[PDB]
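K.L.:
Chain by chain, the residues:
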Amino acid sequence: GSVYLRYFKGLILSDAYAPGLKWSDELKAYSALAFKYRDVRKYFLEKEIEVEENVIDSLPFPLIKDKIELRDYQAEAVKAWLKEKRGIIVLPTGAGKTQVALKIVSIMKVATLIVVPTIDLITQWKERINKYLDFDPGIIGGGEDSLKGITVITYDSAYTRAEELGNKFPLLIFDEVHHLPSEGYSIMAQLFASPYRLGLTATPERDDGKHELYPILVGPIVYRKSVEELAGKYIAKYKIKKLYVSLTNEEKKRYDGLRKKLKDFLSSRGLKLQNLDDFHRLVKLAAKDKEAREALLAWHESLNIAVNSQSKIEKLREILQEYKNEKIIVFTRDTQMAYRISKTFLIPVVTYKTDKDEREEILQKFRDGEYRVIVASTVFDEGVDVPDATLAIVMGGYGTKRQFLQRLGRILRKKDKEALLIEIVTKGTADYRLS
Amino acid sequence: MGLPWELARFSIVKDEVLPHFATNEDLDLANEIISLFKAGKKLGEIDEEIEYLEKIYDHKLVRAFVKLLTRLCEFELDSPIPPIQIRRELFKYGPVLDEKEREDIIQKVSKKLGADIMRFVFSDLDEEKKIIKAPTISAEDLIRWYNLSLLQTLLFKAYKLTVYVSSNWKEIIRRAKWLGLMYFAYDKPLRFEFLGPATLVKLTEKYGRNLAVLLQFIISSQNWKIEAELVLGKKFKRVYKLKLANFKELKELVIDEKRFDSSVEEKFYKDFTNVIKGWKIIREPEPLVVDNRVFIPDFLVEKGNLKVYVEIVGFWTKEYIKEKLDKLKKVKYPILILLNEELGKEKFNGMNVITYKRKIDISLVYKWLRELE
DNA sequence: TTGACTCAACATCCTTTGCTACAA
DNA sequence: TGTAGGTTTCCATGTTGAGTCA
Ligand SMILES: [Cl-]
Ligand SMILES: [Cl-]
Ligand SMILES: [Cl-]
Ligand SMILES: [Cl-]
Ligand SMILES: [Cl-]
Ligand SMILES: [Cl-]
Ligand SMILES: [Cl-]
Ligand SMILES: [Cl-]
Ligand SMILES: [Cl-]
Ligand SMILES: [Mg+2]
Ligand SMILES: [Mg+2]
Ligand SMILES: [Mg+2]
Ligand SMILES: [Mg+2]
Ligand SMILES: [Mg+2]
Ligand SMILES: [Mg+2]
Ligand SMILES: [Mg+2]
Ligand SMILES: [Mg+2]
Ligand SMILES: [Mg+2]
Ligand SMILES: [Mg+2]
Ligand SMILES: [Mg+2]
Ligand SMILES: [Mg+2]
Ligand SMILES: [Mg+2]
Ligand SMILES: [Mg+2]
Ligand SMILES: [Mg+2]
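Listed in order, the protein sequences are those of chains A and B.
Residue 190 in PDB author numbering sits at position 191 of the first sequence, with consecutive numbering throughout.
Residue 64 in PDB author numbering sits at position 65 of the second sequence, with consecutive numbering throughout.
Treat the hints with caution; some may be incorrect.
Claimed, not checked - Listing some non-contacts, in silico: residues in chain B with all C-beta distances to chain A over 10 Å:
no. : residue
1   : 58
2   : 90
3   : 185
4   : 208
Stated by the list, open to error - Below, simulated DSS-like cross-link-like pairs (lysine-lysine); rule was C-alpha separation at most 30 Å, straight line:
no. : chain 1 : residue 1 : chain 2 : residue 2
5   : B       : 107       : B       : 66
6   : B       : 54        : B       : 129
7   : B       : 176       : B       : 306
8   : B       : 344       : A       : 355
9   : A       : 8         : B       : 132
10  : B       : 233       : A       : 283
11  : A       : 8         : B       : 107
12  : B       : 201       : B       : 41
13  : B       : 236       : A       : 27
14  : A       : 352       : B       : 176
15  : B       : 240       : B       : 317
16  : A       : 209       : B       : 201
Rather than coming from a laboratory, the hints here were simulated on the basis of the structure.
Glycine included, C-beta positions come from ideal geometry on N, C-alpha and C.
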């Protein structure tokens, strides 16, 4: 009957046996991970056993002003989340997801930690809290380590400082929540005890397959606006179009001679990878065997020849002949083809290899209009708040992952223009385009 | 210094770690790895030319060699003086779509400042860095330093480093005292059990590096029996053992003569000695042994019939101080502890421990000595 | 406050186009 | 998929936050 709920460095502990716990002698009480509070409390409040909770240690929530003129689908998302205050909202990149999260925390009026992947999103969330909420949130992670009121943090800093901050912030926000079900970030989410949890994303579907853990970690998808469908009060009409390039007859010789090594290696030793999800058995053999890694790196170089083929450059020139008054962002698979394009067509590159100031400066001049055409190596998938364009070219498929198409083909957030996207692929090879 | 975890090459035999070092049969490889790095050569030419060796020899070892030797070289930015502004003034001329127009643009640029900027476009990045001088080094020193770095990478994941003494006793405990290390002195075989980096929440880097300094000191000795209890695993962590002794195949290079000169200890010494003459001080009293468990305080302070053993602490956790007080609860001396602000600040058992920030406040020490007059 | 440099975590890495057509 | 098994992932390349020195 009488039972006491307590917290300790990422764990919840009590006396009565609740579903999801386990006996522990070091703690002399039934212990489990903290994220079960929002459930186990509801298991005792329904059993009418008058349990006292001593886990919520929220810091004093400062009074905040609401200045968000939210739209209608945003209000529907707010309602669908407010039902049980535990879920995920799927809205394409640039649909005002940050404003939705801010309105929700404004209604909640309870202390909150917003966990974001990059320093760029830290700055964006800080500026939008200063604008739409008129408050300076605690900036932990990166330069500063300030922890006040409503706070924002990186996933990395939230994991390294997890038990230090688990008993705080009754509400959690996960912008781009598809980064949470990783190895360490899953542990990070499990150590926290926030009963109220909201995840934000544009593309929730992971080719990884670990995207099942959402209801365990933050809750189910409570409202997802149909992706790439509502185009009236969103970005213009999507106009995906593919271009198939005849691969070079000179390159084709080496390509076939290079995939023959892998084909004959897999046929001669069995262990067929055709329609085999486990590509890991072959690398486990590759770490110790010589020809295993030889044929595997040969396969990798053959795929490289396929995606970064020079014949595609010809059609690039063609497209740049056609479009001369639209903002063009050309994507590629690797730094190699990015810099090849930069040297051939005189276009600034943006990779991880380019420094921070140079990256931000090319972004500044791209917004200004001084640079019309830019080339980048997949680095602009994130929510960096990169200025949109109209024409968006893709030269590196980077696999059929939803991120490098949805989260990449969602950096076009303008209106009253054509705004088409082109996928330049060679027909000879993999061209494993998203389904 | 150590190497990255994806180059740590080791095996497990019945819950016992065995690091795969480099024998003499591999010197040949090492030779080429030094003969590939010529003066005025770029890193791209290097890695591209060693893809053939990775198909023949162990790729992890080849990466280790090239990584270390690049850590030793002296690099040049590039020969053109404007490494970045080239693209500043050159990309402003729109996307070029004809070869004649591109050559016109490159000639206009080669007129605007004057240079061979057709090859010097993208400098200031890894692959295009050149070599000013080839660093002088032999193959045997290289394999010795690889082996030492591999061992340090292994020990970087350890939970406790037990070191067995051979002849020298006081030298290594003084080193541990002025390296901030967390130690327990036991006398069943007369060993020191140092807490490993895995006992820190987020402080592990400085402590592991200082522990590595003490390690490279231990390697120059008569014998060095060490039994490091390691914690390995990226998904789940299992505990293993790593025994090693008398492995005289390591580097006898610079010892970093002055890493920590114990300014806090001498400051406390000259502060205690010249502020009151009622309490005594001892430089380093003989360690108090209690049931094979050795307690090594830093100073003894006795004024008649009241003797206290004061000990200053560097790196520290809550568990460490709790365990040290629990052990010293049977030392028959009031134990005084001086904590540095290097973890979550605590005040439990205030009658045994005091904290400071940069130096020791002799006023607090005297107030505490007057609390037990 | 910088700017180096690293380094751990996290990501992708997979089967082949052909007789039903729309353009959303 | 489950009435058994012992164990560090990691052939590549890409990104970035974090944390160390001088
Ligand atoms: Cl109103
Ligand atoms: Cl303000
Ligand atoms: Cl969806
Ligand atoms: Cl639907
Ligand atoms: Cl490994
Ligand atoms: Cl052995
Ligand atoms: Cl071997
Ligand atoms: Cl000419
Ligand atoms: Cl006196
Ligand atoms: Mg107004
Ligand atoms: Mg308006
Ligand atoms: Mg679509
Ligand atoms: Mg052709
Ligand atoms: Mg397979
Ligand atoms: Mg700057
Ligand atoms: Mg031998
Ligand atoms: Mg010889
Ligand atoms: Mg001419
Ligand atoms: Mg010799
Ligand atoms: Mg005591
Ligand atoms: Mg300090
Ligand atoms: Mg990290
Ligand atoms: Mg992985
Ligand atoms: Mg700091």
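K.L.:
Now tell me if each hint is right for this structure.
P.N.:
Checked hints:
Its beta-carbon lying about 7 Å from the closest one in chain A, residue 58/B breaks the requirement of being farther than 10 Å from that chain. A beta-carbon of chain A is positioned within 10 Å of the beta-carbon of residue 90/B; the least distance is around 5 Å. The Cβ of residue 185/B sits about 24 Å from the closest Cβ of chain A, beyond the 10 Å cut-off, so the non-interface label holds. Look at residue 208/B: its CB is around 18 Å from the nearest CB on chain A, clear of 10 Å, so calling it non-interface holds up.
With a CA separation close to 40 Å, the supplied pair residue 107/B and residue 66/B exceeds the 30 Å bound. Annotation: proposed proximity of residue 54/B to residue 129/B holds, straight-line Cα distance about 26 Å (limit 30 Å). Among the hinted pairs, residue 176/B with residue 306/B is consistent with the structure: their alpha-carbon atoms are about 22 Å apart, no more than 30 Å. Proximity of residue 344/B to residue 355/A is assessed by CA-CA distance (about 36 Å); at most 30 Å being required, the pair is judged violated.
A hinted pair counts as satisfied when its Cα atoms are at most 30 Å apart, and residue 8/A with residue 132/B does not qualify at roughly 53 Å. Proximity of residue 233/B to residue 283/A is assessed by CA-CA distance (about 16 Å); at most 30 Å being required, the pair is judged to hold. A distance of roughly 65 Å separates the Cα atoms of residue 8/A and residue 107/B; the hinted pair therefore is violated under the 30 Å criterion. Proximity of residue 201/B to residue 41/B is assessed by CA-CA distance (about 38 Å); at most 30 Å being required, the pair is judged violated.
Distance restraint check for residue 236/B and residue 27/A: the Cα-Cα separation of roughly 24 Å lies within the 30 Å cut-off, and the hinted pair is therefore satisfied. Taking the CA atoms of residue 352/A and residue 176/B, the gap is about 43 Å. The hint is violated against a cut of 30 Å. For the hint linking residue 240/B to residue 317/B, the alpha-carbon distance of about 25 Å falls within 30 Å, and the restraint holds. Of the pairs offered as hints, the one joining residue 209/A and residue 201/B holds, with about 28 Å between alpha carbons and a cut-off of 30 Å not exceeded.
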